[PDB]
Amino acid sequence: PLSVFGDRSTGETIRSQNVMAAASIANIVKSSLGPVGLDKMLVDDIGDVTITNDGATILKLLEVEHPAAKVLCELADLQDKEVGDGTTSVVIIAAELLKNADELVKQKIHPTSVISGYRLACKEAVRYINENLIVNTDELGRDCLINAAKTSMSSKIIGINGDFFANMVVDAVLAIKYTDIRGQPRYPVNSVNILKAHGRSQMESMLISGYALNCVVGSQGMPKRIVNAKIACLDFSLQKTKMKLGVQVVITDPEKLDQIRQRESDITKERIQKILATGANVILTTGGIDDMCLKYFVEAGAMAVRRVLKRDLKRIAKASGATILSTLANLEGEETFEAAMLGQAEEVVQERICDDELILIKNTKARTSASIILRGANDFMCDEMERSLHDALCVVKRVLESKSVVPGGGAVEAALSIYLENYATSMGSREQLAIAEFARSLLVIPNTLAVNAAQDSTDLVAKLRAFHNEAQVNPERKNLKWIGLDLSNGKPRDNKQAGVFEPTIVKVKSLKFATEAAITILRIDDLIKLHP
Amino acid sequence: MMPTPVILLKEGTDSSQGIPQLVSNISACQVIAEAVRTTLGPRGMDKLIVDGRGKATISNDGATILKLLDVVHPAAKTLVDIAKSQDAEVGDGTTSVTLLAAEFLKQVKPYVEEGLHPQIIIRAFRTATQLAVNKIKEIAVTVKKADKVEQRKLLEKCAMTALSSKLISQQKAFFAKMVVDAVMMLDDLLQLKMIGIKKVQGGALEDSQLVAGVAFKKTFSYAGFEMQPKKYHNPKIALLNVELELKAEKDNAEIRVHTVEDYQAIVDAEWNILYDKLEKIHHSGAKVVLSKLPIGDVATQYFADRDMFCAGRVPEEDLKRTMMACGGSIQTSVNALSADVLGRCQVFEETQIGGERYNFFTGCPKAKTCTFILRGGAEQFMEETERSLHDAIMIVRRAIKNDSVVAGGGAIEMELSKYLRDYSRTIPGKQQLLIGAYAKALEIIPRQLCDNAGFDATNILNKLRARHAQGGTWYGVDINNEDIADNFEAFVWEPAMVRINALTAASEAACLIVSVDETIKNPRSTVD
Amino acid sequence: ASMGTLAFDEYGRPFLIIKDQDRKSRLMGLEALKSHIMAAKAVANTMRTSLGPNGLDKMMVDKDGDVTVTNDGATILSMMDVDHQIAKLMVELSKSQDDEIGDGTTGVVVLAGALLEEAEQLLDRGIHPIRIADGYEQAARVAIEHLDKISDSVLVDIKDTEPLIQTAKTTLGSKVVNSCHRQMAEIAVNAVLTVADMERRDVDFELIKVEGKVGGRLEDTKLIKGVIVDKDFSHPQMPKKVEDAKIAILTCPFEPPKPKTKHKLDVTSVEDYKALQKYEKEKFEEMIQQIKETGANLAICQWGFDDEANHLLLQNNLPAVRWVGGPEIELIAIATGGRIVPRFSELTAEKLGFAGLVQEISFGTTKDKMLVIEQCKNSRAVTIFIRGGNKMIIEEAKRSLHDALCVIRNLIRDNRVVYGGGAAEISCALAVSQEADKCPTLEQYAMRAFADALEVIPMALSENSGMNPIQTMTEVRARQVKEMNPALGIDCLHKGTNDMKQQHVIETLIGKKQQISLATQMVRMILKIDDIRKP
Amino acid sequence: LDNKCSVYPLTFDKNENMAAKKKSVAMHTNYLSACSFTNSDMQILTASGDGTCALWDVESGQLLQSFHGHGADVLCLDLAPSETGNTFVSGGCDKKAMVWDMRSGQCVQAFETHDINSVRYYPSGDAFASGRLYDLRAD
Amino acid sequence: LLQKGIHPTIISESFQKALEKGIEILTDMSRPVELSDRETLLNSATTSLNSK
Ligand SMILES: Nc1ncnc2c1ncn2[C@@H]1O[C@H](COP(=O)(O)OP(=O)(O)O)[C@@H](O)[C@H]1O
Ligand SMILES: Nc1ncnc2c1ncn2[C@@H]1O[C@H](COP(=O)(O)OP(=O)(O)O)[C@@H](O)[C@H]1O
Ligand SMILES: Nc1ncnc2c1ncn2[C@@H]1O[C@H](COP(=O)(O)OP(=O)(O)O)[C@@H](O)[C@H]1O
Ligand SMILES: [Mg+2]
Ligand SMILES: [Mg+2]
Ligand SMILES: [Mg+2]
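Order-wise, the sequence lines are chains a, H, E, N and d. Just remember that the entry's author numbering sits 3 ahead of the position in the first sequence, which is counted from 1. Every letter in the second sequence is one number past the one before it in the entry's author numbering, and letter 292, counting from 1, is 292. Just remember that the entry's author numbering sits 1 ahead of the position in the third sequence, which is counted from 1. Just so you know, the fourth sequence maps onto residues 167 to 280, 283 to 299, 306 to 313 in the entry's author numbering. Just remember that the entry's author numbering sits 122 ahead of the position in the fifth sequence, which is counted from 1.
Don't read these hints as lab results, they were simulated from the structure. Note that the Cβ used here is the ideal one computed from N, Cα and C, for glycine as well. Be aware that one or more of the hints could be misleading.
As the list claims (entries may be wrong) - In silico DMTMM-like cross-links for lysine to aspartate or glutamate, where the CA-CA straight-line distance does not exceed 25 Å:
# : chain 1 : residue 1 : chain 2 : residue 2
1 : E       : 439       : H       : 482
2 : E       : 282       : H       : 262
3 : a       : 277       : a       : 183
4 : a       : 277       : a       : 258
5 : H       : 157       : H       : 528
6 : E       : 275       : H       : 181
7 : H       : 521       : E       : 21
8 : a       : 466       : H       : 113
9 : H       : 144       : H       : 181
Said to hold, decoys possible - Chain a is nowhere near these chain H residues, computed Cβ spacing over 10 Å in every case:
#  : residue
10 : 15
11 : 151
12 : 457
Isolated chain a, as found in the complex:
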């Protein structure tokens, strides 16, 4: 009848198939949630090994061919990009929402009603979080940032070492603070260079009070330590001058050939001398330097670095007050380099880190920068440490930008579930059921946390729900909103007192994104798959 060259699935079949795909994706990463979560080891069929706990990384490395599972994978990626934390939680929440919504649909509830109920429940959950479950960081201080970083680094390879790593993260984040127009303090994370080098234990990871370059000096004749550095940042190669494509040398009188050939290098010699005459000590260029200019720098006792990465050069110039110079050409048509275009630093060295060397620009002036050198046991450990450190940096950035945090350890989900279960009775007749199922789906996070610890999930979650119900019913027992899960003892605990914090934006964005994904998938009721 249709005569379409492909396969078709319609009705309960396609809905159940989509639910199965989403559930499989959720089950892939469900075991890496919470402090008692465990990492995974991915082998990339050519021997490459990736050991990670981050949900986004696991979902990107996996190759998936079911489009709903692809939707969840891109959901995790979006949560990573926009927030940086909660990548596993959003996937799990979306999958549970899809499961419960599909159960409602199988109960002959129209999917439009389920979608409307989910939208209302998400709006009310965000409103309730913003109105009741937020804690201002003004009355906490640096301890709040430390606790947020420690909570973020739980369930990571650096979790036990939080007492040290949280201090490192907070110092690094505060060291790059800059205020823009409108007086808004913004923290440009990803300006903190993360360098990985195996060797000593994690305790020997260093926080550079400056910038760290994964580069060395181009010539062994140059000094490897300069005290009062005058950094000159350039964006052009220092090589023998070659004329452009449109210029061709034609010789009729041979007497000029030697002059031509000599000028070919004298041009670059003059440029080097002009740069050096201003007292420059360190020269960084994104382009290459040939042996001639390297010797020019050697004779002057000046450090010269070639093939510097553009982002590293930009960060160094911004921190040290230097200016990138793609060319030496002023507005008078001449070719000059003035000393005002030079950055400064208190020391530039080339240190040795486990049989290799890297350049440290210590204590730059006119702006403070930061870099972190992570020391591990092997490459995989250092990579996972870098991923966890990035998660912590993003969490600290979110906390410092928006000064609201919410209690962790499943407290928010339990409070939201109780509130939404109560609130659904005042809305609609079938969207009532949809909101109730949204509330029930929100409880998957504490259940997974308890299960990962091999604890009594049913009783522990029941006690959490009882505590939050008492908090929401008795007006004078509102201090129980902070009661979450203490996985070490398997007992409810005041997580706000215990210092288990996390940014509000994580929960808000995760809820919004999960609702979007569940609505998108739940809308499908027919699939046509054309043969390739």
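Given chain a, work out where chains H, E, N and d with the ligands should sit, using these hints.
Same frame as chain a, now just chains H, E, N and d with the ligands:
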């Protein structure tokens, strides 16, 4: 893992353990239940299954559908087995057992995913099932009058309820009356072999008849059979197990003669043996001769000459039914053919039924057997008619054993669910969740009824729950009016043992499925 | 939507439930019903061109290349090589109609196709198929009651065969033997009336032998009040014609007797050998003399015999025929009024049959000889000898005569008739439509669809005759409503009148009732199926 | 290669123990579909690819009767119950099984309801295996 | 219609007549609207988006 130079088990062994395999088992049970989901209720639909040979089986019976499905999943086979068990012990409710077991497993799947110990779930199922069975026995309606009219009406109503889901539901009153008559005239053991089921192609469903006696197809008549009269008004029937034809006296017999007179004497002696058997049969006064063994052409012509009727190679079951109806005895020897061992019927007649000839024995006053002759337009039509009639017959037999009925249409299960929820609201709370899940699972049957009928299941379920909460034990789904009604007053009756066995089997299946934690599958041997 | 389910579990580990589940197929829900309706519609539309006097034959070729040109619906569907299960259901429906009635095997298929076609558009509007089946059953009950109401009774006496002849002619009108139409109807009526139990009892078709032989002309087909045997006189010098023959039917081969039990006769001396030889000769002479003593003029045996018996039979002016089949022995015994004798010693005069003429018949340049026994006193057995110009028309004539015999048998069972030509269907549709108005609205759609489906037979007759279907059917229905005359049908033969009563188009009421009943039941059964699980 | 049987018992090397009289007619050549020996060793029935059953006499060596009438070649044939004038069946590729009688040389009976290749008479003789079962007394 | 025995040209012309009549009916059912009314525009846009 590692190669382990010498491996422990044989290569190719598949192992699966933990929560994931239990979840997979539950999912497989759901898949099996989906195969018979739409066959339940007066609005249920049949399923067509084609085997490898190409033969198609069309059925509404859950047990038949599950048997025709070639299930190889170890956990899913439990539902097929419990369907067979319900069919064997009760005869009806083979869809309800599978739906209930799958719903139990589905309801407890979320708790299994949280790591709840399976022993707790098993204990909760056992407690809930014991309570439900006790409640069914307690509230089942029985009448202690032993009134013939009331008993007949109860049997008819139970048969109609058991029949109002099959393709013969249009003639459910007709077939219920037939089934009740047949079972009542069965004597004391209600043996199913004493109810003949003959399928004849052609004719309407209403053309089907129940014979107050025995009827069987014509069996390969010899020459001279058409000269025998085909109607008698008070025949005496000789039920024999005898080969009435010229043949070797015995397999190892061997005749040795050396004289032509002895040769002729031997020939005449064989002829005289046959004629002596025939004369002994004839002088008994019988007019109809039935044998389990072949009756030759010589005997056929001999009986035709005497205005007698003969039919050899009668199937053994048909002779047993003829013996139980006419009231004679099967004789392997004709030396003593007295009046005691001769059957008697009011009228014997051979008539044409749709291109086939049948022999009819009617007017038996003390017959302990029947013969259903079913008409229809196709082989599968008669097959499904026979299956439906078998369901009705088993229900009527069980109701004969005990007249303990419960209103159907989901009313009994809604009452059980209300009772179980009330009980669960008064216990500590670990078992409360599981017993509540059991009570909620008991709602699958009315929900499936509404879904099959095209209703809105949620509204009907809410109305039923409210009605049962505020009083009224026998309120169930009214399919025709798309509402709820007192199904006891609507004569939607079910023997209580049907629901009792359904709950018992479903609970046992769920407990067995939940109890398994590891599945080990050995490699195939002699794959060929 | 196809092949069933495929998940392989949410944990990645294998999830296999049914053996070879990846090689099987599954259709569910409404699209399964649509596929079944489409297949049944295809079968019915194929069959509907062979409906009525202007129907066209279908040329069926089997796996061996043999050709069967036929118009019978049951035969066409039986020889049709179908793989769809619903097509097999259609074939079984035709076989059921053939077995129960013998006529109308094409009308049932067209009616079922029309019913399913209407049910398709009913399903497209969101009506549960069980509701459609219930409405169809209600309308079928109404139509059957109306047929009983408008039925007419005919006399089935042997002194006036005109209504029977008319019914047989109506049955035969659609077949190729309509050239010999009246003769065919006459012989069918006489055959059925000759062999039948008059108290409205059964008609034993085993007493009607239908025999065909090529050559001659189709008009040469005749009814013989005796038996036509495919044998001939054993000795070539025996006379070819015996008149007033006293017939001796025997089942004992004309050979020396042989015990059934394992026997050995010992010859131990020359005297024993001489005695054995004399015993052989005397047994031959004695059996022949015993046959002769009864006064018989002709002997029929079943198991053949040897040279000495042959020459003894010839020498004593005793014509004989050997190797006559068992059924033929029974037919000869029934027709001639003689018993079957198992051995010579039991042969007496009173067991002899009588035949007014026994003759050997040649068939042109073919060397084949066939025996004829006829002119019996009160023969209770008949034989229809069919001639023709090729085997194919012979087979078609055989099945057409079978249809006529079945129709007269049905008249014997019940003598109520309804005028055909689509008049019965139109009146039933009118009655169903009238009863649908009083019906509550929900089943009204099913009843109206049933009436529209019933309207297909006159439309098929109209289009097969070249007339415009809708206009002719509408005008005939309007005439039926205007004047009380349920006998107005389609003038397929263009006789100039729409009244089937003057045209003598007569159909048995049992046939129409069976048609409607079987079509409704099969349609309900197909409507109840919502799942297919072919491998 | 294909034969691997050219050295078959054709040699029949013995000490001349009265069994050397194997006859081995093989005059008609073609294909010897069924060389069944009659219960009375006087006669041999042979069937060829032309579809004609042939009866030979071992002593004279002459073709008694050629039985023709089969639609296709006769793949298989049997013998009478004991002798009974050798009323033998003949099953061939034409889906038909028929009985012949040399006392008349005609097809006495015929059956067509099935190629038949495994005919075998019942010990009584009233029937015969049709590898089905056809009854002589009822055709 | 075709199965009833109507040429597929009477059907086309009859469908054209029905289309013309239906255009007349729809035009009769219509209501004037001016772009100055924002409520009608918003209602139309919402009705368009109701199914997405
Ligand atoms: N010390 C702690 N005690 C209890 N719960 C915690 C603790 N630290 C984190 N959690 C909770 O564990 C959950 C899982 O976090 P995790 O999965 O590691 O982050 P992500 O979702 O970004 O991978 C978070 O929702 C958080 O609330
Ligand atoms: N007239 C009726 N009205 C409502 N429900 C009915 C009616 N008759 C039977 N049922 C329901 O059908 C269910 C069983 O379906 P059915 O297919 O007949 O038997 P099975 O359980 O063997 O599949 C019973 O639970 C009964 O409640
Ligand atoms: N002379 C005739 N005039 C009008 N209609 C006829 C005539 N003869 C037969 N018919 C109709 O033709 C239809 C088809 O009959 P036929 O083809 O013989 O057998 P079947 O009913 O099996 O198709 C019958 O319903 C009958 O009413
Ligand atoms: Mg995290
Ligand atoms: Mg039932
Ligand atoms: Mg006809």
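Hints, one by one, checked against the model:
no. : hint             : verdict
1   : 439/E with 482/H : holds (22 Å)
2   : 282/E with 262/H : holds (17 Å)
3   : 277/a with 183/a : violated (35 Å)
4   : 277/a with 258/a : violated (29 Å)
5   : 157/H with 528/H : violated (55 Å)
6   : 275/E with 181/H : violated (74 Å)
7   : 521/H with 21/E  : holds (17 Å)
8   : 466/a with 113/H : holds (19 Å)
9   : 144/H with 181/H : holds (22 Å)
10  : 15               : holds (19 Å)
11  : 151              : holds (41 Å)
12  : 457              : violated (5 Å)
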